[PDB]
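Q: Residue-level listing of the chains:
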Amino acid sequence: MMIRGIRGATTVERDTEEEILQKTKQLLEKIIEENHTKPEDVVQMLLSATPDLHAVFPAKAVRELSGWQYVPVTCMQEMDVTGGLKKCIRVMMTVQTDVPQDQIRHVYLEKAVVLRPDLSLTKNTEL
Amino acid sequence: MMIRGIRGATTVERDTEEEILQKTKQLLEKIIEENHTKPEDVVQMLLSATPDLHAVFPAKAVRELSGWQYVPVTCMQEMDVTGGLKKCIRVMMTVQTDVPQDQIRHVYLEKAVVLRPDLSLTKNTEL
Amino acid sequence: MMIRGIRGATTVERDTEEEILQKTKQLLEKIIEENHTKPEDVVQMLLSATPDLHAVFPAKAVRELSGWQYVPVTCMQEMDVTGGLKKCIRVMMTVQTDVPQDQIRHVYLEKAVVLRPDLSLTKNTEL
Numbered sequence: 001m002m003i004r005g006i007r008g009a010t011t012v013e014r015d016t017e018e019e020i021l022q023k024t025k026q027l028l029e030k031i032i033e034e035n036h037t038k039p040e041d042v043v044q045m046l047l048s049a050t051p052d053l054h055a056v057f058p059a060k061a062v063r064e065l066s067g068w069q070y071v072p073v074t075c076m077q078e079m080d081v082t083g084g085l086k087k088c089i090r091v092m093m094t095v096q097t098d099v100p101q102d103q104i105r106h107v108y109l110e111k112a113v114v115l116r117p118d119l120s121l122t123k124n125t126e127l
Numbered sequence: 001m002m003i004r005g006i007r008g009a010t011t012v013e014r015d016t017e018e019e020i021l022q023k024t025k026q027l028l029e030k031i032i033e034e035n036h037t038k039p040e041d042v043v044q045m046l047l048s049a050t051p052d053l054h055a056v057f058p059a060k061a062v063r064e065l066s067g068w069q070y071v072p073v074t075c076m077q078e079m080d081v082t083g084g085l086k087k088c089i090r091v092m093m094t095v096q097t098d099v100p101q102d103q104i105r106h107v108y109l110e111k112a113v114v115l116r117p118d119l120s121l122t123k124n125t126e127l
Numbered sequence: 001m002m003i004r005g006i007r008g009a010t011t012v013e014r015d016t017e018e019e020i021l022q023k024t025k026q027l028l029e030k031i032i033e034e035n036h037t038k039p040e041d042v043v044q045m046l047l048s049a050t051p052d053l054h055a056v057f058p059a060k061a062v063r064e065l066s067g068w069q070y071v072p073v074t075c076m077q078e079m080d081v082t083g084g085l086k087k088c089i090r091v092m093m094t095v096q097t098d099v100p101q102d103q104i105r106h107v108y109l110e111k112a113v114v115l116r117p118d119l120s121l122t123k124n125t126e127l
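Residue numbers (the entry's author numbering), protein chains in the order written: chain B, 1 to 127; chain A, 1 to 127; chain C, 1 to 127.
If we strip away everything but chain B, and leave its shape as in the complex, we get:
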């Protein structure tokens, strides 16, 4: 049937394997929870990292998640945009689903919450 991309993004405080794995895992887990995604219905996944992250391939966390051992995943370098979010891991998970495009739940965590499309910037936060 129809297939849909699911986006997510998250950040780490430091380029360490523990942080990259933990935050990638948490991001994937939230995407799964919000979209009700079963690993057998995942076509494939891509994860990107900004060029300030080198400790580990974030795909390791996907490969270790129980039940996800056959999900095809690979990584890539995000483009280096001047002023772009630093230490950022992004997902493109492709899933078989009947859920319409405008109801798919994309997930933005940690410092990537500023990437939510739903928000306008608050001009005065205090009064």
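Please keep in mind that the hints were generated in silico from the structure rather than gathered at the bench.
A few of these clues could be false.
Where chains are identical, the list cannot tell them apart; a pair therefore holds if satisfied intra-copy or between any two copies.
As the list claims (entries may be wrong) - Pairs of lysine to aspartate or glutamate, DMTMM-like flavour, derived with a Cα cap of 20 Å: (1) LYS38 with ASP98; (2) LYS87 with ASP41; (3) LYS87 with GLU34; (4) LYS60 with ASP98; (5) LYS86 with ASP52; (6) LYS38 with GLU17; (7) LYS25 with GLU110; (8) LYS123 with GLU64; (9) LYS87 with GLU19.
Starting from the structure of chain B, add chains A and C where the hints point.
A: Frame of chain B, contents of chains A and C only:
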């Protein structure tokens, strides 16, 4: 019906936000003109930029295109190839469509016209 | 029919066009033979290269393979992980197939044999 990739590429003269969004929008518009693509039929999109481009994520132009705000898109850095076309933006748009693979209209604009494969289906269907 | 990614990887001894095309073509042919892949059933392909490879886009091997000239493909840079495999080409081939996720045959050649899930761990018996 089936899912198919549509490829595009374009270039800019300068690493500026207005040029990268303008040429990326024009490339998407041309893809829509030629393939008749409706945003809800797009599974997902990937945009790449050569590493001489840093001013903006080209995906911004997709996110701002009227009706396309729910199309999942993310970017990546293109490889740096010796002699590779400079200042180039490429797209891979994954869509649901019944158009056969050899009729999908891949779009090469600006200096990326040098990338077109110049295939001959008139001959390939025969010999 | 379901869509599924197929993963592959290989390596070259030298960053030359000749070796990159030779080893990418070998990798493609092996994926095709293990999965019985027909080009019209390929949605699209992505190929990544480590940042030590500049001589050619590995996608040239796909564009030049007989009957694959309408398979949409594009490339990206793999992320630079410390101690990541050097001179490595990775593939994500998206295909229409009824084969179960756990029976897809992912192909890892040359020095990328260490990326086989069943070999990646062998070193744990030794150090």
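Q: Hints numbered earlier in the text: which of these fail when held up against the supplied structure?
A: 2, 3, 4 and 6
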